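Missing here is one protein chain; the remaining ones are kept as they sit in the complex.
All chains are identified by letter, namely A and B, in their written order; residue positions are counted from 1 within each chain.
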């Protein structure tokens, strides 16, 4: 039961979740029931679970509670347009993974933490933050009245945990390049097969990347506005890097503000476009992300003068 | 028992409440006792009521807790200089209405909510936020140990509720233009009469507008500083409008920052000056607001170069 405008435009890939946090949870529950079903989860146990997650997000310009819901909607959009491809376990499992994918994020990349010699970097040699994101998740599920998979069998429960584990880790962009490249080949040869679990995890992996980056697939005015939040995080990290006696890459250097239009251009070309390209090849219904992406690419070129 | 400088300068229309929240409540209690009386309200029940209201204001650049107290002081200033015109019910009733007049405000106008298709817009077809502001008020009064009108008769209680209702709704600027225009005529013909309840509500209505806008009646340095908070709210709304695929009016368009000195000029001419003009006509003691207002008008013209 969502407002008419929302019920209608929530099915759109480029949908924005507005500036109404209090309404954010509701928007999520709605999507679970439309994609998975009403009796997938007990309402109260779910709502309790949601509030807890909202609470374990930090007020960081970009990787915050809004990012979490936004990413999830893209997944919902992907799920609804490929409705016959996945089980409920995967559906109910993937939506949850998206909301938790950046839990307890502080706004610093894995690079900085290793430089800073942070306790977590010692704890997780690779994919430091993402491993923490999943750690946070399990802690929340282990809370009383928080196990929404209570009704699941221990077999099913373990399965959905793996799904969520694999998914969350995939939000490490460093892992993306190897994943896309592999998928690019397998698609070409025809060896690519969704019934292969090893193959299947990789698609899911690429699906997660598409969502984590979906701000490039929004309309131009949203994409441009979201951009401010992201560099806010980058430049701040650059500052802390500088506090370590370390010259940061120009991307995190606030002195190089002008360069940003080209910095984005390069990123689209090298990362974003190849990503949604590959995805539409495998999942044609996901093209609107790609089209919207290129529309934004054209805008960036239009910025340079 | 307020500091000497405060006790002295609190009687000034252009008084500013400083940056000491913790001291804000105290400043309010003081005004209730000077305008209405000590035994108007039970201290503890009042303080409890105040903290609750402070809690239900949001950290929004302008329409926040500070706005609430500031608006109330102007009313106090109006009440003290027209001391023989109103009953205690109206006095105690109007001060309370001013503090609650923007309860749970989020920083977006009624226009945006209707565009966004917000639940409240469906709930309140007209004067969406203001109806909510009064709804919030009643909820707080209905809290235990929060009914400061407990000592009032059910007749008096209902009366003061109407006063507060009517008052709060009047803070809708859309309603102002019709109200001023009517008052402008009645004053001219002489038909205007304070003993007429229909007439009486309209004055109260115009009094509320004067307070909600009183930042134009502060000294120039305060008026200029307060201005930043307001456009912060506007431009943000423009951003969200843009997120709806809707080109917002230049006032909410942050791209048109330069234009602001003229934007303010137009507003003074068309809205602010006619407002305090009419008010002084009816209530001559309220002229300092008008004088201070024009002093700020002269400053805006002085800005354009």
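Note that in this section a contact is a pair of C-beta atoms (placed from the backbone, for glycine too) under 8 Å apart; a residue touches a chain by one contact, two chains touch by 3 or more.
Trainee: Thinking of the whole complex, not just what is shown, which of A:7, A:51 or A:122 touches the missing chain?
Mentor: Residue touching the chain left out of view: A:122.
Trainee: One chain isn't shown here. Among B:89, B:173 or B:222, which residue touches it?
Mentor: Once the missing chain is taken into account, the touching residue is B:222.
Trainee: List every residue of chain A that touches the chain not included in the displayed model.
Mentor: Residues 106, 108, 116-119, 122, 239-240, 242-243, 245 of chain A touch the chain that is not shown.
Trainee: Take the complete complex as the reference. Which residues in chain B touch the chain that isn't displayed?
Mentor: Within chain B, the residues touching the omitted chain are 3-6, 16, 18-20, 23, 219, 221-222, 225.
The rule we apply is simple: only the chains that are shown with their structure count from here on.
Trainee: Taking each chain's centre as its mean C-alpha position, how far apart are chain A and chain B in Å?
Mentor: Spacing between the chain centres: roughly 43 Å.
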